[PDB]
Amino acid sequence: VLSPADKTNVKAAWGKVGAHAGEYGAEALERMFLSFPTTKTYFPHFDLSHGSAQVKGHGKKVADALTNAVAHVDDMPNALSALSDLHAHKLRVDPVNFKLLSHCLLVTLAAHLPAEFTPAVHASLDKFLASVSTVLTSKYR
Amino acid sequence: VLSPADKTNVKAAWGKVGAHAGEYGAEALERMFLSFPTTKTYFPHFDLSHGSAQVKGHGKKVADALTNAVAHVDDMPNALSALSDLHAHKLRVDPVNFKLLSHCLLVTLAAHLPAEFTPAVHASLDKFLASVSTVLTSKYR
Amino acid sequence: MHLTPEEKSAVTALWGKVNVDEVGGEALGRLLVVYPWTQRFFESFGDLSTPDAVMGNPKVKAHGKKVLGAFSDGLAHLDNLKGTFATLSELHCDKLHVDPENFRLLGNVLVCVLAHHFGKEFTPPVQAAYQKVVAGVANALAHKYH
Amino acid sequence: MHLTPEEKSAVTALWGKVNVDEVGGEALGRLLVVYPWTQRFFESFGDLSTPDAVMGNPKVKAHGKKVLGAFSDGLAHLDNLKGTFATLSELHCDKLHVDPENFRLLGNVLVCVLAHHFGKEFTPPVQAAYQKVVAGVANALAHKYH
Ligand code: HEM
Ligand code: HEM
Ligand code: HEM
Ligand code: HEM
Numbered sequence: 001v002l003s004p005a006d007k008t009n010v011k012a013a014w015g016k017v018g019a020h021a022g023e024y025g026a027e028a029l030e031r032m033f034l035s036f037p038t039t040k041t042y043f044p045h046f047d048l049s050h051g052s053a054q055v056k057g058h059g060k061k062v063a064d065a066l067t068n069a070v071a072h073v074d075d076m077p078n079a080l081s082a083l084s085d086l087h088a089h090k091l092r093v094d095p096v097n098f099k100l101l102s103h104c105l106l107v108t109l110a111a112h113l114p115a116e117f118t119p120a121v122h123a124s125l126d127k128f129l130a131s132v133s134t135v136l137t138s139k140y141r
Numbered sequence: 001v002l003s004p005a006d007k008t009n010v011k012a013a014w015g016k017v018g019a020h021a022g023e024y025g026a027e028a029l030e031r032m033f034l035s036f037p038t039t040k041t042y043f044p045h046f047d048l049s050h051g052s053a054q055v056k057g058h059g060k061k062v063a064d065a066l067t068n069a070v071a072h073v074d075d076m077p078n079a080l081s082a083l084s085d086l087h088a089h090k091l092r093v094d095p096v097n098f099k100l101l102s103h104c105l106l107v108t109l110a111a112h113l114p115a116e117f118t119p120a121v122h123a124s125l126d127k128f129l130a131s132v133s134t135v136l137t138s139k140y141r
Numbered sequence: 001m002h003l004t005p006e007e008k009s010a011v012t013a014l015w016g017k018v019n020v021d022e023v024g025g026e027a028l029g030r031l032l033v034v035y036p037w038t039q040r041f042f043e044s045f046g047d048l049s050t051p052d053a054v055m056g057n058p059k060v061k062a063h064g065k066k067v068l069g070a071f072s073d074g075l076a077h078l079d080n081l082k083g084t085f086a087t088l089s090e091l092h093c094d095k096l097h098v099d100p101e102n103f104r105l106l107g108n109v110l111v112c113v114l115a116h117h118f119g120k121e122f123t124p125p126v127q128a129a130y131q132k133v134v135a136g137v138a139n140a141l142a143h144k145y146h
Numbered sequence: 001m002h003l004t005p006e007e008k009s010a011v012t013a014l015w016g017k018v019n020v021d022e023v024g025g026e027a028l029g030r031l032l033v034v035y036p037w038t039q040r041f042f043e044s045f046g047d048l049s050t051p052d053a054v055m056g057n058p059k060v061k062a063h064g065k066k067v068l069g070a071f072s073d074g075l076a077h078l079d080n081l082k083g084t085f086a087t088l089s090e091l092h093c094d095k096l097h098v099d100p101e102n103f104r105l106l107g108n109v110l111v112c113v114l115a116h117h118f119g120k121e122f123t124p125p126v127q128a129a130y131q132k133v134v135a136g137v138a139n140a141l142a143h144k145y146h
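Residue numbers (the deposited numbering), protein chains in the order written: chain A, 1 to 141; chain C, 1 to 141; chain D, 1 to 146; chain B, 1 to 146.
Keep in mind that the hints were calculated from the coordinates and are not lab data.
Treat the hints loosely; a few may be bogus.
Claimed, not checked - Each computed PhoX-like pair below joins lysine-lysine, with the alpha-carbon atoms no more than 25 Å apart: (1) A:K40 with A:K11; (2) C:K40 with B:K95; (3) A:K40 with D:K8; (4) B:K59 with D:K144; (5) C:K90 with C:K16; (6) A:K90 with D:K61; (7) B:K120 with A:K56; (8) B:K59 with C:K90; (9) D:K132 with B:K17; (10) A:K40 with D:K120; (11) A:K61 with B:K120; (12) C:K60 with D:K120; (13) C:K127 with A:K90; (14) B:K132 with D:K132; (15) A:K127 with C:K139; (16) A:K99 with D:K8; (17) C:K40 with D:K95; (18) D:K95 with C:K11; (19) A:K139 with C:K99; (20) B:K132 with A:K40; (21) B:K120 with A:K99; (22) C:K16 with A:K99; (23) A:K99 with B:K59.
To be verified - Covered by chain C, per the in silico footprint, the following chain B stretches (three or more residues, Cβ under 8 Å): (24) 91-103; (25) 115-124.
Every residue, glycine too, gets a C-beta built ideally from N, C-alpha and C.
Chain A on its own, in the form it takes in the complex:
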């Protein structure tokens, strides 16, 4: 579970993301597409070219959801219910892919928040993304 410490860490680091969340979400997607090409099988309908508006648009959506989970860090299962249902019932993304995006999200933050990306924050952020992932996959079966 996330400890008080983790929560502070996450709110703090995400705090710094601020208005860049959208762009960082998009960048995480691109990194994921390039490093783990098998994730592309879920976006056959997207233009995955560099600077794709679709990717931009999708990056924002993901970033907004993460921002919403930080805002409701004490009630994530409920704050993300809708998204949990969508993923379980319509999208049906294989669970292993969550770990891939999480990883690329951590890389993106690291690349952008050198001062805040401390070991402690890194650990908190990793535990956080794992929790989000668990929520989104909770209704799979």
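Use these hints to put chains C, D and B with the ligands onto chain A, whose structure you have.
Here is chains C, D and B with the ligands on its own, set in the frame of chain A:
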């Protein structure tokens, strides 16, 4: 989340195991060691030869804990608190390994409970081992 | 593979006793039931609402036979699964958009079906050789993804 | 290992800028901190009780430098990782008893460390090349397990 049908399925299947659980515990370990030799890294102090008393004894231990989990299917977290402790703070087995033992256990049950290893029961047992795995690795960090 | 001659005869001999028809329909059906999200590629098969409905679905059964068929033929090229599955690898990627992780899920389901079927006969050492094959096959099928 | 020439140049270019001493200590320290279960191998290292205790531990720093040292050598034989890492693979298995999953965790941590350090210079495509490299090394290190 185990549904009521799941809990039933699990209790039924395990019910048939009975006096052979220890033997099945031992067989599943043996299958794990052979199929996924990287798992042997956690048992350097054991004699991993076929029919070793260490493997047999350990097989009993694991089966017993499974039994206890089936019995407290409704209160796993609490029924297995000690074991989650042991694994998180002492053993420190990497979480990936739990999926390997779980699989070897299914294979063992399939091989011994043909009539009972129906598609729906298979689904339930899998979810069950997954839940047991989650519990055992919940205090890792 | 990295299949030992001994591990090769073990694979080869169990297989010769296999009814691909039945084993293929069962492996695929179990997959759709255990890991419900895999149903995303088979919407057009119909009613997959229940274990019973999946297991009874003939579209499922016939697809399972086609899949195990191809798998079966691959057991004849154990020394070049890569070249044997190249075209199938491209198809799965480029046309079907199937996440290779699915190949792994099926493999494991396959192993459970064999154990189910052969009981006694499916020994730890025989399981070990099959684990190597299923992994090898998954790897080969995933090889042309880009 | 499927590294395009342009991927190989990119890896090599960046690696030129790395202070292996420093990155080595950071990567190892961070591993022990993000995945505390990995601490199981270092009980003789002393105090690893907090992030500061880990990150500043002279033993972690020295070990990290040793590990990245071996890794850098790996980077000059991208052609033959298996050969390069064979004696190390055997040691990790037979003497150290280190689960190979540990090698993948470190690879991921290392990638975050390089991102942390190079900022914008660690582009999506540079990351993709490094992802291939850490996986190749982890695989080479696990090749002799049995
Ligand atoms: C923590 C990680 C994730 C978050 C926060 C997230 C969040 C979202 C959100 C907010 C949407 C948009 C739904 C809408 O239209 O309102 C979405 C859609 C989608 N996501 Fe997830 N997701 C995550 C992980 C993944 C992963 C790992 C994949 C696959 C690699 C994935 C595949 C998809 C797809 C294919 C869509 C639909 C896109 C479209 O057709 O426009 N998601 N996700
Ligand atoms: C299905 C999940 C598992 C259960 C229920 C389980 C249960 C147990 C039990 C009951 C014990 C003995 C506790 C005692 O001695 O009082 C134990 C010990 C141990 N387990 Fe876990 N285990 C599981 C998964 C694993 C896995 C996957 C591994 C490694 C691959 C593992 C590695 C160990 C080791 C190394 C020991 C100590 C053996 C010894 O020194 O005697 N366990 N486990
Ligand atoms: C052992 C692994 C597998 C093998 C050897 C295999 C082989 C095949 C073959 C031979 C076809 C025939 C289509 C054609 O030639 O045009 C096919 C089609 C297909 N496969 Fe795979 N397959 C495997 C695994 C999977 C898995 C795990 C899934 C999804 C869960 C999958 C999804 C599909 C789909 C959706 C089609 C298209 C069928 C249609 O057109 O209705 N395959 N596969
Ligand atoms: C890039 C991957 C790695 C490389 C290249 C590497 C390299 C090395 C080298 C060169 C040594 C010293 C050999 C000797 O003592 O003769 C060593 C020792 C060791 N390594 Fe690895 N290592 C790697 C990853 C890991 C990881 C991830 C762990 C554990 C999480 C680990 C655990 C150990 C331990 C416990 C020792 C012995 C330390 C001691 O002297 O007490 N290694 N490694």
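- Query: Is the Cα-Cα distance between C:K127 and A:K90 25 Å or less?
  - Reply: Roughly 21 Å between the alpha carbons, so the hint for C:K127 and A:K90 holds.
- Item | Straight-line alpha-carbon gap D:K132 to B:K17, limit 25 Å | violated, 41 Å
- Item | Given pair status - A:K11, A:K40, alpha carbons within 25 Å | Violated. A:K40 to A:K11 sits at ~31 Å, over the 25 Å cutoff.
- For the pair we were handed, A:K127 and C:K139, check the Cα-Cα distance against 25 Å. Since the Cα atoms of A:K127 and C:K139 sit roughly 12 Å apart, the hinted pair holds (cutoff 25 Å).
- Task: Decide if the proposed pair is consistent with the structure: C:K90 and C:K16, CA atoms, cutoff 25 Å inclusive.
- Result: violated, 33 Å
- Message: Next pair to validate is A:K139 with C:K99; report whether the Cα-Cα distance is within 25 Å.
- Response: Measuring from Cα to Cα gives roughly 19 Å; hence the hint holds.
- Is the Cα-Cα distance between A:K99 and D:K8 25 Å or less? This hinted pair is violated, its Cα atoms lying about 35 Å apart.
- 25 Å Cα cutoff - pair C:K16, A:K99: Violated, at roughly 37 Å.
- Message: So if I understand the rule, the pair passes when the alpha-carbon distance is 25 Å or less; does B:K120 with A:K56 pass?
- Response: holds, 18 Å
- Message: Holds or violated: A:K61 and B:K120, Cα atoms, limit 25 Å.
- Response: Holds - the C-alpha atoms of B:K120 and A:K61 are around 23 Å apart, at most 25 Å.
- Message: So if I understand the rule, the pair passes when the alpha-carbon distance is 25 Å or less; does C:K40 with D:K95 pass?
- Response: With a Cα-Cα distance of about 41 Å, the restraint between C:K40 and D:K95 is violated, given a limit of 25 Å.
- Is B:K59 close enough to C:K90, meaning Cα to Cα at most 25 Å? holds, 22 Å
Taken one by one, the earlier hints fail for this structure at numbers 1, 3, 4, 5, 9, 10, 16, 17, 18, 22, 23, 25, listed in ascending order.
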